[PDB]
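The chain below stands alone and is given as structure tokens, in the form deposited in one PDB entry.
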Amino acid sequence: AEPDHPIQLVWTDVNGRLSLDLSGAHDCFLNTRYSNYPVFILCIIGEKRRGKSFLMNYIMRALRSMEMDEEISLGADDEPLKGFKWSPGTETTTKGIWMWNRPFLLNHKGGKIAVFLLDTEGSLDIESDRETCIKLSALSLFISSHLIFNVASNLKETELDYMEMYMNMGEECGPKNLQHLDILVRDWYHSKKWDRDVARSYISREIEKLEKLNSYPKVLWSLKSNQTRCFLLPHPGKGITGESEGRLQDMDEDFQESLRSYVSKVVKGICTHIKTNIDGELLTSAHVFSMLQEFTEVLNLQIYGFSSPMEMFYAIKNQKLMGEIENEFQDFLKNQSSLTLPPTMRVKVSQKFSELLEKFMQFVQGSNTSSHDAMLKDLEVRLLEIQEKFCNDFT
């Protein structure tokens, strides 16, 4: 693809593996015009269909106007919105991670900062594997020097559950290593009261709530640090939801005011959030990709098995059942008399074996026949091992 187009930096393959584009994306970071500039890396993550691409496109306008006149402008009132793909409706757009395929070059200290923008697949989409999207979000969190966590309406169990998962995908993703985080609450219920003091007061309330829980130590660390801020945008109005060119004139008045304020904060903060490497040196473009590769390999090394809560509950209970059945077998073997003749013992062990396979199937929970078969085969393998060793030793 040619410059000034989104390109897909990361995608997911059949087997849930994260794959980087080692050509186009790689070459994008290593262009010799800016490869040695310090970078600012802005990533956005969060729930699907909540205006992430839309917001990135408006930030992009501000970056281009900064590139041009060193002034922040969100464009003319009738200019339709373009850039990353953004669309109304329920169906899914962004898959994997997309980036704008050129940096925006901003003036800094007699030099330049190369600004890269990453747009991440939305969470809570049942057509994608949730673990896959957790990994994509964690990757965006790791590489970011400014992370936007786009939140629908308010912080809920869902957003805390997910950010805590993102921050556990290796020590690279822990809150102390996250240079800067915006908790950006879209569709804030109050179109008039959305400023910095409202947001800080809101987070202080939330910290009070989290102090009473065990579930979110990493998010709690983040909210208490100087590395995380909250911003609020009211609802944009029905001229922006549904069929829309995404124009400034289409926006609710209070939405446009908060949007202009927020985008300006982001842009003006760029020089204070230059990306750093592990050791705190300023990272250049020419080394972002190496970092992306290394952590993609880390993320591909483990399967966590994140699933729906009912399936994880069934997994816990069924794993407990397997262990109980194995222990029941072990106890049964330990209780046999050493004076029984070997062939009579083999029949008795064999019958208990079969009986315990039946017991597993009678108590296994859930309706996934495929999963049941795999677990039963594993139990049969463990029980056969135990049986084999007991019966060879028994004389």
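Numbering follows the first chain given and starts at 1. Each form is matched to the other, and the largest set of C-alpha atoms that superpose within 1.5 Å is called the rigid core. First, how it differs from the form deposited in another entry.
Just one of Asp187, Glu324, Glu245, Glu257 moves its Cα by 2 Å or more between these two forms on a rigid core overlay, and this residue is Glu324. After superposing the rigid core, the Cα of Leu124 is displaced by 2 Å or more between these two forms. Superposition of the core reveals a Cα shift of 2 Å or more for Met345 between these two forms. The Cα position of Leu22 differs by less than 2 Å between these two forms after fitting on the rigid core.
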The other form holds:
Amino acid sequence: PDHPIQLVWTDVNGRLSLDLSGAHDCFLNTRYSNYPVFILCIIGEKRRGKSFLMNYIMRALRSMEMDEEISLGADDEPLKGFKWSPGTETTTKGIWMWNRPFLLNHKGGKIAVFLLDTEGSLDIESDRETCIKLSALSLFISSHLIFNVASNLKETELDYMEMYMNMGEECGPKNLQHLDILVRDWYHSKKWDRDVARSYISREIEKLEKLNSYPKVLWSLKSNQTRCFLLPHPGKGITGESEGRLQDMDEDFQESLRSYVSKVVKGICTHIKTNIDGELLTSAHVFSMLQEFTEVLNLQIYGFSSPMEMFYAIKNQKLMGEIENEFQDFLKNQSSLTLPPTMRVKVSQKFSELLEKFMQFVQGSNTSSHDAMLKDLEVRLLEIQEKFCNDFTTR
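Alright, leaving the form deposited in one PDB entry aside, put up the form deposited in another entry.
Left out here are the partners and the other molecules; the chain alone remains.
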């Protein structure tokens, strides 16, 4: 009985918890463990139709799995999410996924398509750091991210997008992070004009070019790497009480949804992701990356206010560890027969140089986190230095 499963939740203390058994049963089944995997994620504001679009994309994927044509019936009831929220039930917040993948055919192989809904993100101020960490975990394992927006792009959303752009830099050789900005309720009827979409795009690109911020999303927009899709209002047949049927939809919304679902489920085969090793990603790889990035986020104890800031904090904590190891190795190379005075001079100078190197290689502009990291690095290197010297006493 295929059902939705909650993969990652946020504990009361802010730690990110993972369903190890569920992720093992989903990503490591012997059937599709080595099939190339494709994770589709929907991030956006609540009550905007993310689960609805995911359910229709799911029906299209079922059609593709059984035969070869994308079809959706005119009177069929929904499945998963809210469009088919269980009679008298609703949903929780976190990362949710479809327990069973969808196997498609591409150039002699089977692609395992996983559907990931991020019910709960883009908060106003309700536990901001934890929401950032959850959405970052989602964006880390995603091969195609659909950002469900409701108007012009907001700073929060643009920062999330820049983070998604940056979180694929060491995930493959020439990895292109594919992003689909889905604007909801942008127009009513009016059929469609290819003018409204490129007008939205022109507005956004002007805003970003003046911002001198969010540069990589700006490049992706001006390079047609990230694509924007603007569908009309669903109509009162979907809003409120409804069984999410296409007979309950506006025909313009129906056709726009069909076009978008075609876009999304027909570009999977043409955009498989490669890892740094040069191989294609599989579901077991995704399980491993899930665990690894969950623990990486649970260990980011420094402060941040934006997604990009948490990205830079991850990187700078890694820099801290690298400098610690460099100092320890420098001390390991030092002889036990060196002149103690010149030895203390040398070690103090390595201390100073490593601190300056941290300062020159730090990333981001949050000088507060920079100072905190430098202070803690100073304390650790001081411990290392005094330890080496203390042992040098008895020698």
